[PDB]
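Enquirer: If you want the building blocks of each chain, they are given just below.
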Amino acid sequence: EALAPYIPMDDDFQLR
Amino acid sequence: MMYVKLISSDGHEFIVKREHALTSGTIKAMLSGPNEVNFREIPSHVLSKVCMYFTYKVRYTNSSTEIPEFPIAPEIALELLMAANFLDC
Amino acid sequence: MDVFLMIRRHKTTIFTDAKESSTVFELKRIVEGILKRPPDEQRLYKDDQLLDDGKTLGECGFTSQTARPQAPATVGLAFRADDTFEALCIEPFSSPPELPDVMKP
Amino acid sequence: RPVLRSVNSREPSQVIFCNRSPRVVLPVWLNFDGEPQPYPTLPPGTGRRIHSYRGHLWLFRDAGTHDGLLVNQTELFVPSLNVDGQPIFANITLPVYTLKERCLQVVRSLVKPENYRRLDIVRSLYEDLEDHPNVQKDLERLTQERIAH
Ligand SMILES: OCc1ccc(-n2cccc2)cc1
Numbered sequence: 001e002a003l004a005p006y007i008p009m010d011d012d013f014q015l016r
Numbered sequence: 001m002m003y004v005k006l007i008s009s010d011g012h013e014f015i016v017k018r019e020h021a022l023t024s025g026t027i028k029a030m031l032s033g034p035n036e037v038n039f040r041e042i043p044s045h046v047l048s049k050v051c052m053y054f055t056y057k058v059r060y061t062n063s064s065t066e067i068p069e070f071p072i073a074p075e076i077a078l079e080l081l082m083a084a085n086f087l088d089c
Numbered sequence: 001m002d003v004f005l006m007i008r009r010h011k012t013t014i015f016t017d018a019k020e021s022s023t024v025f026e027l028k029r030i031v032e033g034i035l036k037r038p039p040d041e042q043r044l045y046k047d048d049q050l051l052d053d054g055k056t057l058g059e060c061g062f063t064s065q066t067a068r069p070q071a072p073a074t075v076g077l078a079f080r081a082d083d084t085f086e087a088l089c090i091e092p093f094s095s096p097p098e099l100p101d102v103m104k105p
Numbered sequence: 001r002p003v004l005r006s007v008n009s010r011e012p013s014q015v016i017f018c019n020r021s022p023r024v025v026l027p028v029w030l031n032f033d034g035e036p037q038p039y040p041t042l043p044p045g046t047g048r049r050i051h052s053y054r055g056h057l058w059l060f061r062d063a064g065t066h067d068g069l070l071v072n073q074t075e076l077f078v079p080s081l082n083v084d085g086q087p088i089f090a091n092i093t094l095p096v097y098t099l100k101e102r103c104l105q106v107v108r109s110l111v112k113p114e115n116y117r118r119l120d121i122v123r124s125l126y127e128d129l130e131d132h133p134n135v136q137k138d139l140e141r142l143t144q145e146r147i148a149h
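Chains as they are written, first to last, in this note's numbering: chain A, 1 to 16; chain B, 1 to 89; chain C, 1 to 105; chain D, 1 to 149.
Since the hints were made in silico from the structure, they are not lab data.
There may be inaccurate statements among the hints.
[Unchecked claim] The calculated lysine-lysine pairs, modelled on PhoX-like cross-linking and capped at a C-alpha distance of 25 Å, are: (1) B:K17 <-> C:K104; (2) C:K46 <-> B:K5; (3) C:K19 <-> C:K36; (4) B:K28 <-> B:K57; (5) C:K19 <-> B:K5; (6) C:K19 <-> B:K57; (7) C:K11 <-> B:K5; (8) B:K17 <-> C:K36; (9) C:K36 <-> C:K46; (10) C:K11 <-> C:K36; (11) B:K17 <-> B:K57; (12) D:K112 <-> C:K104; (13) C:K46 <-> B:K17; (14) B:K5 <-> B:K57; (15) C:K11 <-> C:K46; (16) C:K11 <-> B:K17; (17) C:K55 <-> B:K5; (18) B:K28 <-> B:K5; (19) B:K28 <-> B:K17; (20) C:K19 <-> C:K55; (21) C:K46 <-> C:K19; (22) C:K36 <-> C:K55; (23) D:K112 <-> D:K137; (24) B:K5 <-> B:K17.
[Unchecked claim] Here are the simulated distance ranges between beta carbons: (25) B:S32 <-> C:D82: 13 to 23 Å; (26) B:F86 <-> D:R118: 13 to 23 Å; (27) C:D53 <-> B:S32: 38 to 48 Å; (28) C:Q49 <-> B:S32: 37 to 47 Å.
Just so it is clear, CB atoms sit at the ideal spot from N, CA and C, and this is done for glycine as well.
This is chain A alone, in the form it adopts within the complex:
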């Protein structure tokens, strides 16, 4: 069975 990457429903964050 093939498992593709996915993105958790979560806010992005800012880099500094």
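With chain A fixed as given, assemble chains B, C and D with the ligand onto it according to the hints.
Expert: Chains B, C and D with the ligand only, in chain A's frame:
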């Protein structure tokens, strides 16, 4: 270090580190034998930006740091493109 | 860190870098090696402000964050001819032409 | 069977995409047959947690132009097993473009392709403008270079 002098079409003189000027494949080939270089075809508003690119390339090549964009104003892009094509950098 | 500079006098522009912690006097020594004029025959400027020999470049207002390789900060340079120092004069570069029609929105 | 492809490890690996570039970044996942797949884009200066897998292959491009970008200073990023819960960082950056290719990017951004050959520039540059960045052509190049080593 050692330095070379690049002359633009309107007589502006740009003195850059020789190592930096070798960023240009054209200049590298001219100086590769066993200084001053005349570029009477390139105006100063273009050649100054070329020297800035030399500094930029030497600084950010082989670096893990965040690389800033090299800025090119729309009104110089065509001449800078032709200068980059001719200088091989 | 390092600051990236254009040292400019008349129609001459020197591209160099220096440490924020290095001094104005040290920068004059750089110019001496390139233009063969000694430090006491030189005056360096940030805009119209004459820079004191003993100040570091950081203390003059030059910071690595703004004096970057692709956008170097300008240092004005004037020479002492015989007895007197010349007035600071930097000739502008050439003017870019109008954008062609197919490059306009 | 292609040389550049993910392996179906099924071993989870937590990863953080850090867009340390001024471009809108398109993450591109190579599937198990080596075909590039797009993932949601990343605004400049932003980071995102990703649920990936060990031995998967990622690459990164400018979303609007497909200009090539680097991840941890190289073309491809491969998640590893998380050590002590710590996710693996993918720091996406601009490469040092040649001045010529940076000039081409700016010209492409201002001139419709149908209008390239109206510019008063040397003839060889028309084809350089037309040869815009292309993921599959880059994948073929990276494959050939790898074989050489
Ligand atoms: O323009 C330089 C450059 C071209 C292509 C890439 N590239 C990204 C993924 C595969 C290739 C990176 C940098």
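Enquirer: So, for every hint listed, does it hold in this structure?
Expert: Cross-check of the supplied hints:
1. B:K17 <-> C:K104: violated, 37 Å
2. C:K46 <-> B:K5: Given that 25 Å is the threshold and the Cα spacing comes to 24 Å, the pair holds.
3. C:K19 <-> C:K36: holds, 22 Å
4. B:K28 <-> B:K57: This hinted pair holds, its Cα atoms lying about 15 Å apart.
5. C:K19 <-> B:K5: Status holds; Cα separation ~23 Å.
6. C:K19 <-> B:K57: holds, 19 Å
7. C:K11 <-> B:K5: OK: C:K11 and B:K5 at ~12 Å, within 25 Å.
8. B:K17 <-> C:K36: holds, 16 Å
9. C:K36 <-> C:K46: holds, 22 Å
10. C:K11 <-> C:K36: holds, 17 Å
11. B:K17 <-> B:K57: holds, 13 Å
12. D:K112 <-> C:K104: holds, 10 Å
13. C:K46 <-> B:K17: holds, 22 Å
14. B:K5 <-> B:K57: holds, 19 Å
15. C:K11 <-> C:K46: holds, 18 Å
16. C:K11 <-> B:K17: holds, 18 Å
17. C:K55 <-> B:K5: Judged against 25 Å, a Cα distance of about 29 Å means the pair is violated.
18. B:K28 <-> B:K5: holds, 14 Å
19. B:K28 <-> B:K17: Given pair B:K28, B:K17 holds - Cα atoms ~13 Å apart, limit 25 Å.
20. C:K19 <-> C:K55: holds, 12 Å
21. C:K46 <-> C:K19: Holds - the C-alpha atoms of C:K19 and C:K46 are around 16 Å apart, at most 25 Å.
22. C:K36 <-> C:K55: holds, 23 Å
23. D:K112 <-> D:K137: holds, 22 Å
24. B:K5 <-> B:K17: Holds, at roughly 9 Å.
25. B:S32 <-> C:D82: 13 to 23 Å: violated, 41 Å
26. B:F86 <-> D:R118: 13 to 23 Å: Between B:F86 and D:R118, where Cβ atoms are some 21 Å apart, the hint holds.
27. C:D53 <-> B:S32: 38 to 48 Å: For B:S32 against C:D53, whose Cβ atoms are near 40 Å apart, the range 38 to 48 Å holds.
28. C:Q49 <-> B:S32: 37 to 47 Å: holds, 43 Å
Violated hints, listed in ascending order, are 1, 17 and 25; each of the other numbered hints is respected by the structure.
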